[PDB]
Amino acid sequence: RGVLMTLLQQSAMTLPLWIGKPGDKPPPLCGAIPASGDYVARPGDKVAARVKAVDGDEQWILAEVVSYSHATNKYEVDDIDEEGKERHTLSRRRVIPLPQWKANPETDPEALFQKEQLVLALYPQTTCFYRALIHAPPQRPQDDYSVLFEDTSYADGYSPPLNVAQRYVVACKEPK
């Protein structure tokens, strides 16, 4: 509850910075650097998972990988709330791996999303990802992105800037 949000915030906090070495570029899944082309996430890894509800509604949620089957090219993932029937069998294109390192803005600004980029971002106090534009990338290792969520309750179509951690901003694989 409040417990879940504490865990999720800690997961964002404890995501390690990538400390390369001078002269080295950061790995896939550092910050905004995409996964390698045929990548399969490991059991226990955190992902954004696109869940199709029984009525057809599509929502990206925060989840944890349980398994992957070469037999079918599908994952099982568990909704991070771990409530009720938490498990979902999903195609690989419905899974985006979350970053496994924070990009350090001093050393690897190239591995951050930039102003005006369209992203999926976890909405504060929720476990769901939604379309957003980057308002500001972080400038300190500890800092969040600032993003503008699409939000039709505003005449201009966007939220004010809201903070979302690096762990919880990924490439936008959702149509409007």
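Superpose the two forms; the largest set of C-alphas matching within 1.5 Å is the rigid core. Numbering follows the first chain given and starts at 1. First, how it differs from the form deposited in another entry.
- Taking the rigid core as fixed, one finds a CA shift for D55 of 2 Å or more between these two forms.
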Second form
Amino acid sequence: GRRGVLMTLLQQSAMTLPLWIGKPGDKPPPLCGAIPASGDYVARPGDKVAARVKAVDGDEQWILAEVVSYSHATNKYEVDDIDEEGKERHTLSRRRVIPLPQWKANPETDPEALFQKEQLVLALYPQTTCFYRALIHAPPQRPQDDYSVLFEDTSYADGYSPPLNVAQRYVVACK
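Please move on to the form deposited in another entry, as the form deposited in one PDB entry is already shown.
Partners and other molecules omitted; one chain follows.
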């Protein structure tokens, strides 16, 4: 059903993220791990993004989405929710779209392309398709590993969740 479909989709996208394999001298490119997109970057149809969308009842969420189009006439994206239950294709300004990384960084060769401990990020929360503010708790040690993060969470007396794991595909800058 829907719940299984969604969680499978997340795994597919996280696992298939290619690892950046440079040779001596090469630097990790924009959109490898934590390396930001170039200024004026425009994501392509099919690219995964975090997209800041409002509901009809007003609450803003960063959702997992895919680019459908970009109009240079209006400087707006169209994006589709990764969930089929999200029946609205959203028109969004650039500041409402964060491209997900297109490579994983290998901690063993390019650790500068990982977020540092205690950096603020947006991260996909487990069992959801949405991104929320978190601090990095630990970077991945090996290419297969997730980050661990502490989500901001007001249900905890100290305001943070326990460490929760999030794949490199699903951790982006919070600016």
